[PDB]
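Visitor: These are the residues of each chain, in order.
There are 2 protein chains.
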Amino acid sequence: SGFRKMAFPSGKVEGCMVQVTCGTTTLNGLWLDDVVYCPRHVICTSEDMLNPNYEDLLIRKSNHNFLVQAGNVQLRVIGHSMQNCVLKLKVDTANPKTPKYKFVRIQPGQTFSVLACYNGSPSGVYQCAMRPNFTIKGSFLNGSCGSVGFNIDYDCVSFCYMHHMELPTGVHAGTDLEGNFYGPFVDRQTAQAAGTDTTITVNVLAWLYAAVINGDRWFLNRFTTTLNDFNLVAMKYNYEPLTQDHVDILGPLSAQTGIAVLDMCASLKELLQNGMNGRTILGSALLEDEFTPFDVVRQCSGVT
Amino acid sequence: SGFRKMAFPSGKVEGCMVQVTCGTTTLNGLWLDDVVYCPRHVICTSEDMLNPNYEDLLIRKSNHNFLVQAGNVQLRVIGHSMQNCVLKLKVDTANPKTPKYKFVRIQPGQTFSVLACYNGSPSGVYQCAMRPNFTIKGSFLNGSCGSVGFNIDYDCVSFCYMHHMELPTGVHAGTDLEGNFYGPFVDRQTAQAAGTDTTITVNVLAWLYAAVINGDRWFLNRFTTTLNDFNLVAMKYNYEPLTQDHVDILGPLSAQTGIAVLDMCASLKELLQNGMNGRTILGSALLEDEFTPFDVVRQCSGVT
Ligand SMILES: N#Cc1ccccc1C[C@@H](N)C(=O)N[C@H](Cc1ccc(Cl)cc1Cl)C(=O)N[C@H](CC(=O)NCCCc1ccncc1)Cc1ccc(F)cc1
Ligand SMILES: N#Cc1ccccc1C[C@@H](N)C(=O)N[C@H](Cc1ccc(Cl)cc1Cl)C(=O)N[C@H](CC(=O)NCCCc1ccncc1)Cc1ccc(F)cc1
Ligand SMILES: [Cl-]
Ligand SMILES: [Cl-]
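Protein sequence lines, in the order shown, are assigned to chains X and G. Residue numbers for the first sequence follow UniProt numbering, beginning at 3264 and rising by one. Residue numbers for the second sequence follow UniProt numbering, beginning at 3264 and rising by one.
Please keep in mind that the hints were generated in silico from the structure rather than gathered at the bench.
You can't tell identical chains apart in this list, so a pair holds if it fits in one copy or across any two.
Straight-line Cα separation of at most 25 Å, SDA-like style, residue types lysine to any residue; simulated pairs:
| # | residue 1 | residue 2 |
| --- | --- | --- |
| 1 | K3400 | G3458 |
| 2 | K3532 | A3548 |
| 3 | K3268 | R3561 |
| 4 | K3400 | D3479 |
| 5 | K3400 | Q3519 |
| 6 | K3400 | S3264 |
| 7 | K3268 | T3461 |
| 8 | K3365 | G3334 |
| 9 | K3400 | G3478 |
| 10 | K3532 | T3488 |
| 11 | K3268 | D3439 |
| 12 | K3400 | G3565 |
| 13 | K3400 | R3480 |
Only chain X is shown next, with the shape it has when bound in the complex:
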């Protein structure tokens, strides 16, 4: 029993974290085999940051300008390239702790674990969703750029996020591991605004199913709604439209609990219209949207 925001065990990623330094600028890098991946703005000075031409700044760099530190031992750089907004440094040593891994680019509404690091050294791990406006609501201080987000599937590490910047609003923006930003953002020090955010409807519904699996039923009701009548209410409360694909993704949870998806949508409608009136769901006094249906299945019992 119980339900908590649960991160993946971080050990496989811990063995990959290193430190990359260019001038007086240090951030974190990811060491897989004989390549170190880090944000390309490590090659910028505080001057260059306002509007850099990275192709210009990189052609003025040599290999020995990059200091890569894996714990105590320096790694010698033997080659460097640029792939979108990530720098790739070839080094003369393969990481012996390299896990099975892949790089994947995720969709908004999907979750991952963040290993927050400072000077190449892990400090903590937490769970995040990619918001619909392509930011994450992270916990990051100066020095954390280069930290990665990841999922784990049967000892294969799927890296999906590299941290590049905090926006003026205090939320966080970054790229996949091939350097492509999530959302419209660019890697320069200018005030950039994210689009207006929305609530991830399919995830709220998954979390209501988690609550039922855990024995909490107070929010259920005898009613059902049509998908279209639900979305009219969803739109009014700044919730994402629910699609037939979302309905089908919630199939397993519906089947384990005997509550039809559109049945659960009528509960969500009533909760949006009337609030909770002082009650809590899984220890929360608001509707939580950072658990995917996969997250719920992974953590909850297969029997209600």
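Let chain X serve as the given structure and place chain G with the ligands on it in line with the hints.
Guide: Then chain G with the ligands, alone, in the frame of chain X:
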């Protein structure tokens, strides 16, 4: 910026998790040097669980009755003993991945990270507080007994919790790594009730300071309260008495934010009496008490 429930990186503990089997009963063990630690009820059958005499059951065991599995390789047991409610199995191989570690017994209100494991294999990590009634509100399924809770201090792993059982109310009870239960509980399959729980006042105050460090101030007010007048309100809302030691522990946070502790207590009083009226603090619609002052300092910026 940002504030999230943050676990310690779990890699150092991942390398210690093993599987212990006695009869048809399997749970998790902790492998440090040449000793495996696990809950002693692994030697019980479903019959024995109602009211076991463990000294009786253990003297009827031999070393070869214990199957210890570290990944794929079996570890050969060469000796076994009992220390309170933990079994200790000597094995013929020292764990090469043994970190620097110690065993510590914590106070209620302190937090730790849980590495949830099944069949010796880590599945996830989350943060927990030891409740005032000595339970934890964990997330555990069948098979998780043997999972450990821990803090990390400068690459030294301080193990503080081993998981032994879920109570009929769905909360969780266990021991320190020397086998002493937290709270009044015993390791037998009977319905056991925990004392009535209370809210950890010093932690709520720490979390209000986290909110101020992160730029949220809406709950402050111009008033102060005396420690005794605060506790009269605390008692009315089932909050723990606040001690002068708690006041002094919150010294650093008070100093970083310029808000006197008793000033913050007047904010807490007003929040208890009037609620939040639809507003949130650090993304929460209730007052959160599972962050210690140490947790706040560790995660938040040293500058407001
Ligand atoms: N994580 C993180 C982090 C956090 C603090 C310091 C440092 C770092 C990492 C570090 N690497 C990094 O992100 N620095 C970028 C500058 C930058 C570097 C490189 C690149 Cl490519 C782009 C950018 Cl923008 C950074 O300083 N951002 C500022 C962070 C900041 O002051 N927030 C205040 C939050 C206000 C608030 C909080 C809560 N509620 C409401 C409001 C915001 C900002 C300021 C000017 C600007 F013009 C663009 C952005
Ligand atoms: N974690 C965990 C876990 C969770 C589920 C299954 C198995 C395990 C691990 C496993 N190892 C283990 O804990 N089994 C013990 C039995 C036991 C083994 C060994 C020892 Cl030493 C002591 C005890 Cl008590 C266990 O089955 N408990 C029950 C778990 C349970 O049904 N909860 C229902 C929750 C109801 C609820 C939920 C939410 N909101 C309100 C109410 C509760 C219980 C039942 C009878 C009894 F008499 C004592 C306790
Ligand atoms: Cl794809
Ligand atoms: Cl002590």
